[PDB]
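Asks: Below are the chains, spelled out letter by letter.
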Amino acid sequence: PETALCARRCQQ
Amino acid sequence: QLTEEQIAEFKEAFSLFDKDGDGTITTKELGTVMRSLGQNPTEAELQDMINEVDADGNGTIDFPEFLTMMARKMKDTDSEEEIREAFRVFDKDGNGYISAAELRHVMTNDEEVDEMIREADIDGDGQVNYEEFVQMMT
Amino acid sequence: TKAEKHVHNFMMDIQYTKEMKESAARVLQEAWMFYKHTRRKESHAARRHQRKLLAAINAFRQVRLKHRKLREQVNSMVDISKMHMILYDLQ
Amino acid sequence: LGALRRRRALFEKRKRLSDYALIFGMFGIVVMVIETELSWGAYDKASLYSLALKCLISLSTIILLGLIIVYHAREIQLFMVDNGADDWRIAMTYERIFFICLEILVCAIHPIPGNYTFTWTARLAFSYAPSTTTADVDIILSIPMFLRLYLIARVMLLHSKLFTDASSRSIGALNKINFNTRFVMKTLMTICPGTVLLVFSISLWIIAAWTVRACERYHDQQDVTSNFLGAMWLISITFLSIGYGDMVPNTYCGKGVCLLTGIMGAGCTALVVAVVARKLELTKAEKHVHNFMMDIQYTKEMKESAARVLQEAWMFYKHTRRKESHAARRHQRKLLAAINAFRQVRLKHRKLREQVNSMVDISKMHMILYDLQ
Amino acid sequence: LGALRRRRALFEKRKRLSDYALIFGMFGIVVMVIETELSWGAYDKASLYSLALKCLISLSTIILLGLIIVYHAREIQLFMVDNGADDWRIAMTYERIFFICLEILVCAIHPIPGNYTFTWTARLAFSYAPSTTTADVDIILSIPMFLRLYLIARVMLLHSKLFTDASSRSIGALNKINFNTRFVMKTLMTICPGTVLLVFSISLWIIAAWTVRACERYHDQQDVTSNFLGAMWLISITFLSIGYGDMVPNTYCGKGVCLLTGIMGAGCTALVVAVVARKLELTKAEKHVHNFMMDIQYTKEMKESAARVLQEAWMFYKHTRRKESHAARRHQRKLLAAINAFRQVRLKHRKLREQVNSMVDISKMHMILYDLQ
Amino acid sequence: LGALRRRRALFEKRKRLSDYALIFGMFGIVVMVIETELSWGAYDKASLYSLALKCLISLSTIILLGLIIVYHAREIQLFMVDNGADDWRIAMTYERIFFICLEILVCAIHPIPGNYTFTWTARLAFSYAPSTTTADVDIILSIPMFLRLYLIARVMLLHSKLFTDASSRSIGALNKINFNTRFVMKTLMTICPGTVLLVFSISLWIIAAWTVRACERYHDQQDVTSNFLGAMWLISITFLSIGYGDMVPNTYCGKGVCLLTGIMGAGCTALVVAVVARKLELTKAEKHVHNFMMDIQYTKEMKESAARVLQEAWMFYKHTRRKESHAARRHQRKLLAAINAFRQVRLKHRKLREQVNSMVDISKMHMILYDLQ
Ligand SMILES: [Ca+2]
Ligand SMILES: [Ca+2]
Ligand SMILES: [Ca+2]
Ligand SMILES: [Ca+2]
Ligand SMILES: [K+]
Ligand SMILES: [K+]
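Chains as they are written, first to last, in the numbering used here: chain A, 7 to 18; chain B, 55 to 192; chain C, 84 to 174; chain D, 11 to 383; chain E, 11 to 383; chain F, 11 to 383.
Everything labelled a hint here was simulated from the structure, so no lab data went into it. Some hints here could point you the wrong way.
[Said to hold, decoys possible] Label-pair distances were calculated between CB atoms; the ranges are:
1. B:97 x D:317: 32 to 42 Å
2. D:175 x C:152: 53 to 63 Å
3. E:109 x D:277: 50 to 60 Å
4. C:160 x F:314: 17 to 27 Å
5. C:92 x B:159: 18 to 28 Å
6. E:195 x D:183: 36 to 46 Å
We put the beta carbon where it would ideally sit given N, CA and C, even for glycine.
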């Protein structure tokens, strides 16, 4: 994930 | 006797109920105070409620009688008023004397009520009055 | 609605009248039961029937007050209609 | 007079049948919740504890359907009494038959004994990665079982005191009042508006939390929305419309419960606020006491406000006569502020008197009319 | 008369004991906040600076419990004076004893001196990965200490002027009013409704933000929600039901405070709006001034609107007599527009007079009734 | 009469100075927006276009402060005229001096010419990674420049017709009305309640979106919330309290503006709903027309509803006499449904007539009182 939005959502 | 602050505040309340300052609460002053509070009391009810605390029967409430009324009304719940109201609702006919038939009727909502009548009729007049009701309540 | 409130307030008044009859019945029932045990010299029994009498008096006061509040609401809503009747009489 | 005895006998039978329809209706729901929870971990759907627990739901549904049929047989007979008919076919309208079939269809949806499965394919949330499971068919029949709660409303109506009392029927006929199920709802919202909304909110909380958990448990491998407290937190911020978004359902069943809760919680919170704002308002009798005590306070405040007006005016005069420029100016500012303060309290006393004379307007009209009589 | 001296004396002692229970009740809360914030970084839970600060909470709890016990003994003595009873046992009901023990239990939950630990296992948000930490047992006892804020309601009620004043007791007795804690709450929401909701909201903001930070600090290795300005942001977007969802608590403690803020904020914002909407409304004396000036303005507008009707009507005639087709056509479109503008102002003037006559209806009735006298 | 000429002379000077203070107050804000948006792009903070554009803000602040000082000197002179004082020192209270210095402090915050920088360390959102940048000192002095909008309220009050008109002042004195800035606010919310809430919402939209963009641009490299249309989309979903959470500001300046917009939007939408709900209500003159036409419709419905009652009653008799069991049964179901339909329209007509009498109650009272005269 380039941005932290994608890091947080793909983990949840 | 009551302290200075209590006497002062009771005098303030009495003067709130006594506009003319003559020292006695005429029934007109009590009526106009009640009307200023949103109630509409009739003359009959006003006179009935003014002689409850009128000890000497002069027809007006002086300071000692107002003090007695305040001592009765300062507590959150007054037992005398509730006993009087229970006696009123017991007296369907409104004559002031609850007959034995009414005493039996109010319990359906035989020997026990007869025992109550026997033990409450202190003067033996064949019926139960307000004084007998408060004596049995206490 | 304006007509369903009058029906509800009319049936509530009948309910409160019956509640006051049963609440005042308990006031005297516990008052005499207190007198019966007191005359029999039963300290604990009289004490319990004095707690019950005090609770019955408070319960009778509560139903008496809520009945008074209902009568205030009934009179407040029936004010202008009563005014019309008085005005017709003056004619 | 003959129809009065029959009508009362038939009403008692209808009330008794509605009580048994709620006993068996709620029993099947309770056993459904027990069987649903246990069939996940405790045993499997091919066990003898599931054939013996789904035969309790099935048997209760058979008896419940009999009580629904018999209840409507008493309603037909009551129709033939009120409307003075002799043939039951006169009561068979197209609306009554539709509602008879609707109640039967609603009350016949239960987990059938046997191990049946279907392929449930859902796309997860956020990642939107496909997931597939062989979910049982007993999950799409257990959720509709919550529709049997309509028997609660029928029981409340039939058990209502004014629905059958001859005192209320006679008074209601004078005002042309229909004692239908809407009237009971409206009277409940006037007697106990807060208790009805609190009971409904809590009941919807547990039921929606369990429904989301029961649907999400197939497509949840991290016990996130398939946990009871993870679904009771998911459906708590939808009722309040906070919508954090940290947890959302992965399926279209948990998304239909979040949607339903959002609609219900949008209106329930507004109705609760209306009830609360109506219980924090002084009554018409407590407003006369409050205004009476405020009037006494304002009269005493005007006595001390006007006293300061003259006290500072004379202190200004005393220092002016003594030829003290700084002191005279210091007390002239105090005199101006005292006059402004006296004006402020005089205006707020005027406002109170206007408010007092606005709530004793119609009542004063009654007094004048009584005098004219 | 004899019981008036003893009732006033026992009320003064009850009022004095209520003040001291708030002095020690709030002091223990303050020392709890100091010790909670300092035992994190400044020292450790097995220090002599923590055994000496947690013994101040313990010492203040013993004194607070003594003041609660003595206060309730004064209530028993007051009951025996009012009800006329002579034996304290007539006052010991099942409802009074339950509340005596409830206040003792609420006021006895404080951080006990010592170093006791428990294993706190939580699951971080947005990933639901396990996180286990050894947390002190003094964090599950510090949060309940905020339940001592119920003593503020007791102090407010006993210090209320109308609760004991003989002028208000007599006036309230005529209207059969009950001077309880609910009456004080309702009078507060009428006198200063915007000072009660603003103080409550700010106090809740500070208390809830600290409670969230205190719980969300054993399971926060990024200083996200364990920051005080990061806990105030969380509480504020939940109070206003925005719910960004960038920060949610990782523990059930923080999730419980955020759920309590959402419930309070749903109603507090709605109540505040109604306050700001009842203060932006013209009073009954300012509406009459506004309507008086509107009537003068509309009368002047009608004079100038009818002047334009005739001015364009004659301008149309002047050009028509001069045989100018285009000029007459242009002055007839203006005349029709002028007539429409004259109608619009005349209609809005009629609407205003309708409103003026609607407000002055019952007051005009009083004047007629006075004349008939 | 002499002070009447001086009071009107000083009021015209105050109105003239308030207009020029708003001209220069808004000029400094406009140049601030131009210089802020260009320093990021066209030129740098060390250029000759920034020394020449920040000297326009500084020069306009000097003139604006001069007009604020002179305006308050006119209010001091007007005080000495109204209150009949001879020394201005009697007009110098502690509240007036504080407010004079508060306005000067608010109006003196502008970007000083020169290149001063400070280190801005902020923690990004959703990742909480530190980001240190060398921000200019003219970003913490440009945002407070929006506090000069308080001059708009002063200009609206001083330009209001009823604030100075001798016709409105005389009428207001009879009703004891105070013509202050609160009265102007209340009259605006009654004349045009939707225009006031629509201009405020749109103006707040552009001002807050620019403030978010200006603050949240030193810590933005993906052009997400440093974009005007990205900031205008973040603010709108906070005003509506949707709160997607897709974009949240990274700074404390953008986080204090989203909170400010959330508070304002919580009440503005509630006030707007009330306005739109007070305009969809039929007026007292349109309700009488609607009720009159409904009464005509219901009377026509009763004629046709009772016609069907007898039509099916005879159709039942015709087939019964012809000995047609099925045909008679069908016409008895239709007769029963026709009777129920007749009852429903008769009940809804009775309800309308009751509603008509409820509104026409006091007007009927007036006619009776006129007759008694
Ligand atoms: Ca007198
Ligand atoms: Ca006397
Ligand atoms: Ca009798
Ligand atoms: Ca007797
Ligand atoms: K919302
Ligand atoms: K939201």
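Asks: Now look at each hint and say whether the structure bears it out.
Replies: Here is what the structure says about each hint:
{"no.": "1", "hint": "B:97 x D:317: 32 to 42 Å", "result": "holds (41 Å)"}
{"no.": "2", "hint": "D:175 x C:152: 53 to 63 Å", "result": "violated (23 Å)"}
{"no.": "3", "hint": "E:109 x D:277: 50 to 60 Å", "result": "violated (36 Å)"}
{"no.": "4", "hint": "C:160 x F:314: 17 to 27 Å", "result": "violated (36 Å)"}
{"no.": "5", "hint": "C:92 x B:159: 18 to 28 Å", "result": "holds (27 Å)"}
{"no.": "6", "hint": "E:195 x D:183: 36 to 46 Å", "result": "holds (43 Å)"}
In summary, the numbered hints that this structure violates are 2, 3, 4.
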